[PDB]
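Engineer: Here are the chains, one letter per residue:
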Amino acid sequence: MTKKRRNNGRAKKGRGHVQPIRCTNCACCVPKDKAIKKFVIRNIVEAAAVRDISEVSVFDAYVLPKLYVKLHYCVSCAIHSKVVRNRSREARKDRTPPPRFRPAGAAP
Amino acid sequence: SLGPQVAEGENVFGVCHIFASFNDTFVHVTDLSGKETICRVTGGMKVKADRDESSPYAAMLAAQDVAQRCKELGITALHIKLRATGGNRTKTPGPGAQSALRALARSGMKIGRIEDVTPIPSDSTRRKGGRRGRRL
Amino acid sequence: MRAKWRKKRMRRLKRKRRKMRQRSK
Amino acid sequence: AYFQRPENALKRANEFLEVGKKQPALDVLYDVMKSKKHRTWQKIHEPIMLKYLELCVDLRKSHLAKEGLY
Amino acid sequence: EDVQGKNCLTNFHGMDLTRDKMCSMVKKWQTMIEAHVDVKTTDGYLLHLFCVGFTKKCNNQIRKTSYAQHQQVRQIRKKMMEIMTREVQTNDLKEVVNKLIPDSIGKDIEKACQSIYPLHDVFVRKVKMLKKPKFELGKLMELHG
Amino acid sequence: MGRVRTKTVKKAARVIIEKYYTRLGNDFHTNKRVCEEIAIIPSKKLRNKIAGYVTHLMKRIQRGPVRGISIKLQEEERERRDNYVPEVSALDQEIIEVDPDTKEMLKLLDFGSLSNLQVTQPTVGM
Amino acid sequence: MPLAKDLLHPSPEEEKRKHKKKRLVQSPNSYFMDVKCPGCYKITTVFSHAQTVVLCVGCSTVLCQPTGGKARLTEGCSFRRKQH
Amino acid sequence: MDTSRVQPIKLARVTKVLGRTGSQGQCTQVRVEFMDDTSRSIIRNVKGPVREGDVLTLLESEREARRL
RNA sequence: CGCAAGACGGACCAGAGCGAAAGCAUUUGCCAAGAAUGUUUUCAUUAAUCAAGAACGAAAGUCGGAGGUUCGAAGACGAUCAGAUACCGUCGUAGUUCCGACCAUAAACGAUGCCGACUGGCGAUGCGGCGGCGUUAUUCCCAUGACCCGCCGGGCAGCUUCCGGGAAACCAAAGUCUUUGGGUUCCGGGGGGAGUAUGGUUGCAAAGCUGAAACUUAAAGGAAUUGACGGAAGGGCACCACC
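These protein sequence lines are chains b, 0, l, y, x, T, c and d, in that order. With PDB author numbering applied, the first sequence covers 1 to 108. With PDB author numbering applied, the second sequence covers 16 to 151. With PDB author numbering applied, the third sequence covers 1 to 25. With PDB author numbering applied, the fourth sequence covers 3 to 72. With PDB author numbering applied, the fifth sequence covers 89 to 233. With PDB author numbering applied, the sixth sequence covers 1 to 126. With PDB author numbering applied, the seventh sequence covers 1 to 84. With PDB author numbering applied, the eighth sequence covers 1 to 68.
One or more of the hints may lead you astray.
[Unchecked claim] Simulated restraints, written as ranges between beta carbons of each label pair:
| # | chain 1 | residue 1 | chain 2 | residue 2 | range |
| --- | --- | --- | --- | --- | --- |
| 1 | 0 | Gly102 | x | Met103 | 46 to 56 Å |
| 2 | c | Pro12 | T | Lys107 | 17 to 27 Å |
| 3 | c | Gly69 | b | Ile79 | 49 to 59 Å |
| 4 | x | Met103 | 0 | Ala22 | 21 to 31 Å |
| 5 | 0 | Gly102 | x | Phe223 | 29 to 39 Å |
| 6 | b | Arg15 | l | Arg18 | 38 to 48 Å |
| 7 | c | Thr74 | x | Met120 | 32 to 42 Å |
| 8 | 0 | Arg104 | x | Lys115 | 16 to 26 Å |
| 9 | x | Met120 | b | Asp94 | 30 to 40 Å |
| 10 | b | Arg15 | l | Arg11 | 32 to 42 Å |
| 11 | T | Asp99 | b | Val84 | 12 to 22 Å |
| 12 | b | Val84 | x | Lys128 | 48 to 58 Å |
| 13 | 0 | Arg104 | b | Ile79 | 18 to 28 Å |
| 14 | b | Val40 | d | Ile9 | 31 to 41 Å |
[Unchecked claim] With a Cα cut of at most 25 Å, we get these calculated PhoX-like pairs of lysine-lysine:
| # | chain 1 | residue 1 | chain 2 | residue 2 |
| --- | --- | --- | --- | --- |
| 15 | x | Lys167 | b | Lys37 |
| 16 | b | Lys82 | b | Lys32 |
| 17 | y | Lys38 | x | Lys109 |
| 18 | b | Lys13 | b | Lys3 |
| 19 | x | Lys227 | y | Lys24 |
| 20 | 0 | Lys143 | 0 | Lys50 |
| 21 | b | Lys66 | y | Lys38 |
| 22 | b | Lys70 | 0 | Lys125 |
| 23 | b | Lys70 | 0 | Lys50 |
| 24 | b | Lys3 | b | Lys66 |
| 25 | y | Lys38 | x | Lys145 |
[Said to hold, decoys possible] Now the stretches of chain 0 that chain b is said to cover, found in silico as 3 or more residues with beta-carbon under 8 Å:
| # | segment |
| --- | --- |
| 26 | 29-36 |
| 27 | 132-145 |
If you're looking for bench data, these hints aren't it; they were derived computationally from the structure. A virtual CB, placed ideally from N, CA and C, is assigned to each residue, including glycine.
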């Protein structure tokens, strides 16, 4: 029997059971240590509407609040939504996160 | 329509209660207290197709009317409260959240504040769909 | 699923034989 | 982020004093004098430093009146 | 609680906090610390306060964790109740409010727990006025004096 | 479009610049006629190409050194950088002192001059 | 390992910083100490890992405190090994 | 109550072209400047072949493009 | 805006911890239990592995009571489809929850017995102990707290290579094996027939444990490699493709 991954595709070490979590898209049961977790921080307002809201606001310099969403995906939904991609035999050993913009300034 | 006897240098502040997500958009303008309220318009009233009720322009066309009746009465400014469905569901805004704001602001109404309000459990009852969930 | 079904059809069949033999006596 | 209009430092400073706390009300005042708000004398920097040195002498903190004046 | 000739007079009912602020402080590689108490005022008002503490990402860590022992946490919770009962059991309804507006309450806890773990942040995310006494017109108009 | 030069051009272009560096100008037409005389290129269209790349190389060779081929004057300036640099003639500034725990080694090896002492704080990143 | 290292004769503490039962000869990592503070003017002798409260016959009645290993003394010097 | 009251015909001009989209490349993302506000800008989807610096005729700026 | 019922402990929560395994996250208290480390304390071989026999043992299921919000086998409808007893939508019983008895099974998976010895390097993390140039808390000052550096144990793991092994995938153990022997238990013999037949035993039931042959067949199976194929993923291209 060939073992594709040393970790069996999850973060279970020294533990017997792990509570399941529901996938955000398909409601499927997935172990918390197998679920693909994406933290999404977004402004409540889209970048285009920021000007119109600042002009109509009673306050000269209102700091817009942020949405904090912890998305939990099953492996199928994460592949379908292209959040995770297929990797070569060697590139599966790599655990570095892909570089994003750089940083949270301005355009991104 | 009779407004208050001064609003010349001040503003009168209503609460907008924008609803978010799919197959539906509400905009429901109320008092500060929220005890009593004014006109309430849906995207299912602007557009009939049973599939464009969550669309951007249906949400914009809604707020483009609601914002008229506000200023007609004397309500000139708006604090904003959001609502995504939540309750162990999607808990993420629909399309028609960004949309209605851009339309109602530029119609002429003032924006005072904005915030997120969503009903988020501290862990509660099992979600519809079963163990294997929806597929197809 | 396939093996789990082959074990199931033969389970109900075995149960029927028991009943049928218990019926015969 | 933190502050804006650095004039909010006075408010907090004033809010804590109504409770009777001069140890943190001051901290808030110092957290401003030393920060991105180094726009060399906005008009509100005098009332901040006047209150700051009143509390320094109301609790006795010279090494703070030094950093404040510095 | 009362209406007076086209002017509606108000009374305290409890404070709450925003979502985004409460969310932003919560993050990975910290240990969140929470406690509550039921408490009575000098008057007949009754309150049920909810506080919070977060561990500090320390002065010059090279470590990527800020986790604390369980023994240490239960001290911090005990001492966060002790402070918040002393200042609210004494000191009548109005003086409570006066301490919470600049947050003198929360700031006092931050320094008092500093020795056993430094901590940055203390806020009181909720207070819920559970019971309250009779209307008392004389005590009422004091607030709107 | 397209028309990316092949290797047959880039091979001989380098060669022709190395051994006839002097004859080159920076004009198209002059560099053509030189290639016609110092070699025979059996086509006409091929000749018009090899000249144009010889020209395009000769622009860059009048800046810093190219890494595909060599000329004489670059190997001159190579030698001039690689036999003395103006930075030092002294070794290194003649006197350099060291901090203790090096002094303890030198104590046990019969040396006892030209030192300083600083006993810098604990510890790594701290 | 450099795979040629000596093991007959070890370094004074660069090969005697090891665990005490992984040394060539087993040694304790503990010691005695001759004390005589003022709270109790007597030449007392006490083991480093006290394990129990050591009492005093003077004005004081405590000298030690057993922790998770060595023992935290007090405001009285009194120190020696001696030899071991 | 009856029909609707609508905004007047707007005019807005290209500042830059972004790239082509749609499922046959038939749509074109483009950035446009509002031509009355010089700090305002919206992204649009435009069908026809465009260059840069040409002016469009928008019926609304309520609508906004994303990707699909 | 208030009230009631039942269910449930988010984010924080991690190749982190504890437990023999199954498993175990709101507060506070009580009740008994355990590992590691420290020790110039005690006993003096009291040990290792195990037929018989014994305790615990997910979910579902069975029996008797309580409860029944939510989800939901069964069932009744609405669509999709030539057909559609399905995937999808609505409703909904048993069940899901708690108390007392049964049931002994799972990919109960690291698909890897337990105890002991020896054999590379490197950086981390949880716990205890010890050593230290210093910042930091408070009462002003070595109570013991936080951060920094190093050392010693045992624990969950990772990275690195002509240690060595392997059919290879891979593995500091699956290594120290034709140069074969440290101790001991369990278990395997081409593929089907079959976990069936049969008798024994346990169980209220459902079933569990124990377990053949006749006959049939020259392949079944593993990795591993090269192709082709994919209603797999990432790039690129064509008016015999599209717009």
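Engineer: Each hint needs a verdict: does it hold in this structure or not?
Structural biologist: A quick look at each hint next to the structure:
Between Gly102 (chain 0) and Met103 (chain x), the C-beta spacing of about 25 Å breaks the proposed range 46 to 56 Å. Hint check: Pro12 (chain c) to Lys107 (chain T), Cβ distance near 19 Å, so the stated range 17 to 27 Å holds. Distance hint check for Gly69 (chain c) and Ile79 (chain b): the Cβ-Cβ separation is about 54 Å, which falls inside the suggested range of 49 to 59 Å. With their beta carbons about 29 Å apart, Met103 (chain x) and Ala22 (chain 0) fall inside the hinted range of 21 to 31 Å.
Here the CB-CB span from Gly102 (chain 0) to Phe223 (chain x) is close to 37 Å, well matched to the stated 29 to 39 Å. Roughly 43 Å separates the CB atoms of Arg15 (chain b) and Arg18 (chain l), a value that falls within the hinted 38 to 48 Å. The hinted window of 32 to 42 Å between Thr74 (chain c) and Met120 (chain x) holds, with their beta carbons roughly 40 Å apart. At about 25 Å, the beta-carbon gap between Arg104 (chain 0) and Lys115 (chain x) stays in the expected band of 16 to 26 Å.
Distance hint check: the CB atoms of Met120 (chain x) and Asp94 (chain b) are about 32 Å apart, consistent with the given range 30 to 40 Å. Distance hint for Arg15 (chain b) and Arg11 (chain l): a CB-CB separation of about 35 Å, consistent with the stated range 32 to 42 Å. At roughly 52 Å, the beta-carbon separation of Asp99 (chain T) and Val84 (chain b) lies outside the given 12 to 22 Å, and the hint is violated. Under the hint 48 to 58 Å, the C-beta atoms of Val84 (chain b) and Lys128 (chain x), about 55 Å apart, fit the expected range.
As the Cβ distance of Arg104 (chain 0) to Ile79 (chain b) is approximately 23 Å, the hint placing it in 18 to 28 Å holds. Taking 31 to 41 Å as the suggested C-beta distance range, the pair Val40 (chain b) and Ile9 (chain d) conforms, at roughly 38 Å. A threshold of 25 Å between alpha carbons decides the hint, and for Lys167 (chain x) with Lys37 (chain b) the separation of about 35 Å lies outside it, so the pair is violated. Between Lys82 (chain b) and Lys32 (chain b) the CA atoms are separated by roughly 20 Å; this keeps the pair inside 25 Å, and the hint holds.
Using a Cα cut-off of 25 Å, the hinted pair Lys38 (chain y) and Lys109 (chain x) holds, with the two alpha carbons roughly 22 Å apart. Distance check on the hinted pair: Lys13 (chain b) and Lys3 (chain b) sit about 17 Å apart at the alpha-carbon level, within 25 Å; holds. Between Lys227 (chain x) and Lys24 (chain y), the direct Cα distance comes to roughly 30 Å. Violation of the 25 Å bound is thereby established for this hinted pair. The suggested pairing of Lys143 (chain 0) with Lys50 (chain 0) is violated, with an alpha-carbon distance near 33 Å, which exceeds 25 Å.
At roughly 23 Å between alpha-carbon atoms, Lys66 (chain b) and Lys38 (chain y) fall within 25 Å of each other, so this suggested pair holds. Taken as a hint, the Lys70 (chain b) and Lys125 (chain 0) pair is broken in the structure, with Cα atoms around 32 Å apart against an allowance of 25 Å. A C-alpha spacing of about 33 Å is found between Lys70 (chain b) and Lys50 (chain 0), which places the hinted pair above 25 Å, so the restraint is violated. Pair hint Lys3 (chain b) plus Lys66 (chain b) does not hold up; C-alpha atoms about 42 Å apart against a cutoff of 25 Å.
For the proposed pair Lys38 (chain y) and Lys145 (chain x), the alpha carbon gap of about 22 Å is at most 25 Å, so the pair holds. Given a C-beta distance limit of less than 8 Å, the hint that chain b covers the segment 29-36 of chain 0 is violated, as 0 residues qualify and 3 are needed. Proximity of the segment 132-145 of chain 0 to chain b, defined as three or more residues with a beta carbon under 8 Å from a beta carbon of that chain, is established by the 4 residues found.
In summary, the structure is inconsistent with hints 1, 11, 15, 19, 20, 22, 23, 24 and 26 from the numbered list given earlier, while agreeing with the others.
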